[PDB]
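*Asks:* Letter by letter, the chains look like this.
Protein chains: 2
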Amino acid sequence: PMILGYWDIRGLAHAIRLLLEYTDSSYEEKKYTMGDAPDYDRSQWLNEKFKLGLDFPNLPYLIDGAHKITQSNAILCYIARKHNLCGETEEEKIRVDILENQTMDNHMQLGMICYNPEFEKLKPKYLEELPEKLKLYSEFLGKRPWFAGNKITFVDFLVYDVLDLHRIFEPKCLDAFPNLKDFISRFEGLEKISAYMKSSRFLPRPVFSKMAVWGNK
Amino acid sequence: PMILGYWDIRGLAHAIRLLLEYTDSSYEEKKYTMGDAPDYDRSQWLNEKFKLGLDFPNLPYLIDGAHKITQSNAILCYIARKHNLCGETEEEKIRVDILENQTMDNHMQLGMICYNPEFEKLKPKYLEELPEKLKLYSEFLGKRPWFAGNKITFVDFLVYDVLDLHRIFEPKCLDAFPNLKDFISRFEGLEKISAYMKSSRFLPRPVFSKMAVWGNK
Ligand SMILES: N[C@@H](CCC(=O)N[C@@H](CS)C(=O)NCC(=O)O)C(=O)O
Ligand SMILES: N[C@@H](CCC(=O)N[C@@H](CS)C(=O)NCC(=O)O)C(=O)O
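Protein sequences, first through last, are from chains A and B.
To get UniProt numbering, take the position in the first sequence, counting from 1, and add 1.
To get UniProt numbering, take the position in the second sequence, counting from 1, and add 1.
Any given hint could be a false lead.
Each pair may be met inside one copy or between any two copies, as identical chains are not told apart.
Said to hold, decoys possible - Derived BS3-like pairs: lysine-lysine, alpha-carbon spacing no greater than 27 Å straight-line:
#1 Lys152 with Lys50
#2 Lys50 with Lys136
#3 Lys152 with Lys136
#4 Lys182 with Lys144
#5 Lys136 with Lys126
#6 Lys199 with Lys50
#7 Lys152 with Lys32
#8 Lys134 with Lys193
#9 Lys31 with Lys134
#10 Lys124 with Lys193
#11 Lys52 with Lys31
#12 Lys124 with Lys199
#13 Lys69 with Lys94
#14 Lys94 with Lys152
#15 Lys126 with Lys211
#16 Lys122 with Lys69
#17 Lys31 with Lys94
#18 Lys144 with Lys218
#19 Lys94 with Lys83
#20 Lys83 with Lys211
#21 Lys134 with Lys50
#22 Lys152 with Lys211
#23 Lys31 with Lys124
#24 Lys122 with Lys199
#25 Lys218 with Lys152
#26 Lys52 with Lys199
#27 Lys144 with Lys52
#28 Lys83 with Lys152
The hints are simulated quantities; they were obtained by calculation from the structure and are not laboratory data.
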């Protein structure tokens with residue numbers, strides 16, 4: 002079957018796993034475990050990294066027969082394309098593109114400070130600027146059920162992950178934005194998502210790798 | 002007319018300008034100038050940032066009537082969609098997605114060290130790992146005229162920029178990869194690209210902003 006390869010954590014594979022579940026995809030997971038400190042041994046992956054037929058060897062990767070895909074966003078698009086979750090109208094597509102790139106940006110910013118050895122010192126400013134970021138997603142969604150419009154697309158999975166990672170980081174961060182909380186309920190309320198979250202497959206944490214200062218476990 | 006807003010440099014607007022020229026698009030450019038050190042005044046942009054109707058205020062941005070778009074890759078997709086430069090077959094689309102994200106990754110890596118105050122110290126390792134990166138693009142392209150296959154797509158503009166930024170950074174870096182050099186000749190050899198590169202509009206540098214340690218001018 003289709004196979005998703007990634008570290009034995011949540012990370013960049015989260016939205017992918019969620020999408021694979023929602024779309025009722027047939028897949029397996031090749032999990033790689035990173036060694037503990039001080040080495041943080043990555044040989045489980047490196048000893049196989051160049052033996053998978055990947056053009057740009059990376060994690061996560063998705064193998065679907067002849068198709069070997071890397072780059073998290075690329076994997077999401079590939080799956081989304083099979084289930085018409087890419088956006089149909091021009092307005093939807095524009096929203097999808099912006100979010101696809103916007104979410105990764107916001108994701109990176111969280112990861113940047115969390116892996117930074119000086120995490121505790123940088124945290125105050127990040128939390129200071131966080132409401133501003135969240136408000137943008139809030140205003141962008143508006144009264145829409147989903148981010149691209151009235152139908153769900155793959156970017157909802159990406160935004161869900163960004164919003165979720167933040168409620169975990171700062172529990173009260175979504176309180177000022179009721180529509181964002183409702184988005185989360187509506188998403189988690191999806192039949193196939195609800196079922197997956199209650200299963201043994203669900204892996205909401207560790208958020209980041211063992212090398213992280215926050216969310217490393 | 003359509004308007005592209007960005008700093009008065011090359012940066013993330015390069016592939017966009019090139020695409021706009023190749024597609025024969027009607028556009029203007031709102032250039033923002035950053036102040037010199039030590040302040041690096043960004044008020045020319047900030048004083049207008051939230052007055053443009055952008056959902057996630059950022060640079061570059063593209064205003065096309067009712068459409069206000071941010072995120073460089075989103076802008077490229079928007080323009081590409083109008084001129085059937087997104088990829089048609091499934092294999093082309095997969096290549097486009099991987100490259101769209103891959104190029105940004107490699108682009109970020111260059112920018113990370115170039116803006117880093119310790120640029121000179123980090124440079125040795127980056128140059129050591131550079132051949133590896135370039136070889137991946139080389140093998141990926143193979144004997145294809147363009148990166149997605151036989152027809153040109155918007156990712157060729159992104160790969161061109163990544164390759165070009167590196168020949169500027171390390172002149173001999175593409176020597177070991179003849180097909181990459183041929184790709185550059187073929188791209189620059191495009192009639193509308195050739196014409197633009199010879200015009201007053203062409204802005205190949207500064208590569209990065211004034212805050213950069215390398216390519217700041
Ligand atoms: N932009 C890539 C990032 C991939 C990446 O950075 N993967 C990390 C884990 S978060 C990794 O361990 N890659 C394998 C390697 O470095 O060889 C994506 O979205 O997939
Ligand atoms: N991933 C984004 C990055 C956007 C970004 O970082 N833009 C910088 C310049 S390289 C900027 O000055 N943005 C305006 C701002 O921060 O207010 C893209 O590709 O457009």
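*Asks:* All hints, please: hold or fail.
*Replies:* Status of the hints after comparison with the structure:
1. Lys152 with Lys50: neither (37 Å within a copy, 30 Å between copies)
2. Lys50 with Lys136: between (40 Å within a copy, 16 Å between copies)
3. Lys152 with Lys136: Intra 22 Å, inter 41 Å, cutoff 27 Å: intra-copy only.
4. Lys182 with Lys144: within (12 Å within a copy, 50 Å between copies)
5. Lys136 with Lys126: within (17 Å within a copy, 40 Å between copies)
6. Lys199 with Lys50: neither (32 Å within a copy, 43 Å between copies)
7. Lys152 with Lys32: Answer is neither; intra-copy 32 Å and inter-copy 37 Å both fail.
8. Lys134 with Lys193: Neither way: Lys134 and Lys193 sit 29 Å apart in one copy and 40 Å across, limit 27 Å.
9. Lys31 with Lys134: Between. Shortest inter-copy distance 25 Å satisfies the 27 Å Cα cut-off; intra-copy 34 Å does not.
10. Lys124 with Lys193: This pair counts as neither: shortest intra-copy Cα distance 35 Å, inter-copy 48 Å.
11. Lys52 with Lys31: Result: close within a single copy only, 14 Å intra versus 48 Å inter.
12. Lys124 with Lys199: For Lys124 and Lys199, neither the intra-copy (32 Å) nor the inter-copy (48 Å) Cα distance is at most 27 Å.
13. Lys69 with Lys94: Both, since 25 Å and 13 Å are each at most 27 Å.
14. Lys94 with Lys152: both (12 Å within a copy, 22 Å between copies)
15. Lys126 with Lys211: both (24 Å within a copy, 24 Å between copies)
16. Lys122 with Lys69: neither (41 Å within a copy, 36 Å between copies)
17. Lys31 with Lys94: This pair counts as between: shortest inter-copy Cα distance 25 Å, intra-copy 32 Å.
18. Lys144 with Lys218: Intra 36 Å, inter 45 Å, cutoff 27 Å: neither.
19. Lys94 with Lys83: Result: close both inside a copy and across copies, 16 Å intra and 12 Å inter.
20. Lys83 with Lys211: This pair counts as neither: shortest intra-copy Cα distance 34 Å, inter-copy 45 Å.
21. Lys134 with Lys50: between (36 Å within a copy, 15 Å between copies)
22. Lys152 with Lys211: neither (37 Å within a copy, 43 Å between copies)
23. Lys31 with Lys124: Neither: 34 Å inside a copy, 35 Å across copies.
24. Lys122 with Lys199: Answer is neither: 36 Å inside a copy and 49 Å across each miss the 27 Å cutoff.
25. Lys218 with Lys152: Classified as neither; 35 Å inside a copy, 46 Å across copies.
26. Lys52 with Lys199: Neither. Shortest intra-copy (35 Å) and inter-copy (45 Å) distances fail the 27 Å Cα cut-off.
27. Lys144 with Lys52: Cα proximity of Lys144 and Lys52: across copies only (22 Å, versus 48 Å in one copy).
28. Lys83 with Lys152: Classified as both; 16 Å inside a copy, 23 Å across copies.
Hints 1, 6, 7, 8, 10, 12, 16, 18, 20, 22, 23, 24, 25, 26 from the earlier list are contradicted by this structure; the remaining hints agree with it.
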